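Below sits a lone chain in structure tokens, taken as the form deposited without this ligand.
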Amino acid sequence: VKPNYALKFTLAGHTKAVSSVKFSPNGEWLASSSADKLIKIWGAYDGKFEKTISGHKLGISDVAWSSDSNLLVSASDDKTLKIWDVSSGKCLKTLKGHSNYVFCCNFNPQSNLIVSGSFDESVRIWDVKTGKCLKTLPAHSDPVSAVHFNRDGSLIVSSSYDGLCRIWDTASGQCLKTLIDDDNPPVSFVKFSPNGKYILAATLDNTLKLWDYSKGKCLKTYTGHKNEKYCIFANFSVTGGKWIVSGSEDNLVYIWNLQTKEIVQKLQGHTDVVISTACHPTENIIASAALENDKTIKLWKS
């Protein structure tokens, strides 16, 4: 069984490389962030431009939705995160604390906390309501590429150019596990599986790996794409077949069968590295976004 994703919409508006795209949990919206310092909101189903959210002083590298689809958090080279009320467009809080560029961010499932990762090689945990830092984890010895909460929010997984994946106790801040394979390439992305059993990790040796967190073992490897230079998002696609989805530095979107690890589709159309992809929560829809030579977001439907 193979999907037949087909291009439906191309979304133009950002004036520099796109950084990160995410679908709202309620499925209505796509948020994008960009090196152009802007957040843009788009209709998830029609690709129709909705509004621009502005305020960061420098480029934004990541953006993420609150559980109720009402808030965004963004991570920027201005060394802040910003919490946004999407309807009003207002910046509710500016999170100051990192000493270098903030590269990655996420809400916990309860959306009372935010986790962030930075070039200052730390991971910080923030209180959403007060906008204050609760914990600072001396997490890595190189820039942090990704941070993600597990299903009940009790765990944080982080990745770094230092070659490590680490799992942290949210409440205590203690390192619970360090994961690394036979080699030490930079780890450029990590996230928990939807059921929370697994960890999907990208390394800059053109490889994605599915880990059993609790066993601390690599279960699956996904190859065939190009990933040696940039931190490319990866996803679990679950609305139809169970796929792994990733951008690639050959300007394609790759889709693998999660179980068999075979490539089942490649999406062609971007003119630069596909840095970010996202999967719609209820429809077979993928959003993809590319770097400076391209500047567009594309919406594919299977």
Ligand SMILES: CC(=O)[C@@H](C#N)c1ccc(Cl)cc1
Contents of the next structure:
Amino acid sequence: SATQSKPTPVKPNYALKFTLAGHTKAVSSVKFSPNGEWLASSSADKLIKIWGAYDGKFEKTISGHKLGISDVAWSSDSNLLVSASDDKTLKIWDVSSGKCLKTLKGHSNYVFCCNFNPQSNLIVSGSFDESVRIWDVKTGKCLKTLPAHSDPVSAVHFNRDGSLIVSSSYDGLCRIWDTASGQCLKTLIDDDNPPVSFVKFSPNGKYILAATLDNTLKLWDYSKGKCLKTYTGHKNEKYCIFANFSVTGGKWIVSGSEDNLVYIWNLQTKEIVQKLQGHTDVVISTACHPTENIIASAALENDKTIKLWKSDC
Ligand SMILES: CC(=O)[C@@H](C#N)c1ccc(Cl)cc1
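Please supply the coordinates for the form solved in complex with this ligand, as a counterpart to the form deposited without this ligand shown previously.
In what comes next, the whole complex appears, and the chain from above leads the way.
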């Protein structure tokens, strides 16, 4: 109908619904399962915990790492997790049984970041050892070691068909890699060169969102090599804080912050539309539910909790 219209944009109204207690040290990452049913958390306490995505109810603890965990990530079918640990390994877990399927050995220092590719036949990892590794999920063996950076690797992420990996480092660089060959296709340069603390592809793989330790998030068109948007106002000078695209309602950028708040920006206008108060330490990780307007946030060791926030839009 000619009267069909685009709705007037409405600011979100995320409100605290649940606080998820159980970790005994800083939480390091939270991620919603692709099927929307579960939230996984990792912690410096060496544990992974699974919680109901909608009701926040504790489901199970997954144990096995010998030291703290920095990151955890889901396979596309929501059946597997991979975790990255200070014990220098990654582990692949069967979520239903809680059992460790494979231990991925090869990094020579702390593993800081990890992700499955969309096909979920590969895992990519990044380490304090300055390398990015690509692993075969089935065999649990390392396929490629990329001499990716000259300082610790803060983030690694596949694009939507797994043909590219983006990595970031404290060396100040973002790099795009051809998954199949391991060859570097592009390097992003900042002449001021602040450490890059996080990077990920946009949900359509057209852009990359990168955090630098000067309180700044940037949306880059990596094919044109130009910055489209900048998001500021939060505090990020020390930690590798995740950022997200929220796409279930209004299109937002979401990030934790060193002032204990969750920041939500309008993706287009770059204005802060909400700040979520409640955590009592640095919000190191946030995640956005794949279908409902729900955010998970996780905080460092003065807090140790995960919070679930829900919005009407
Ligand atoms: C379903 C969506 O909104 C997304 C897709 N695909 C999306 C969101 C934000 C950006 Cl910048 C790109 C793409």
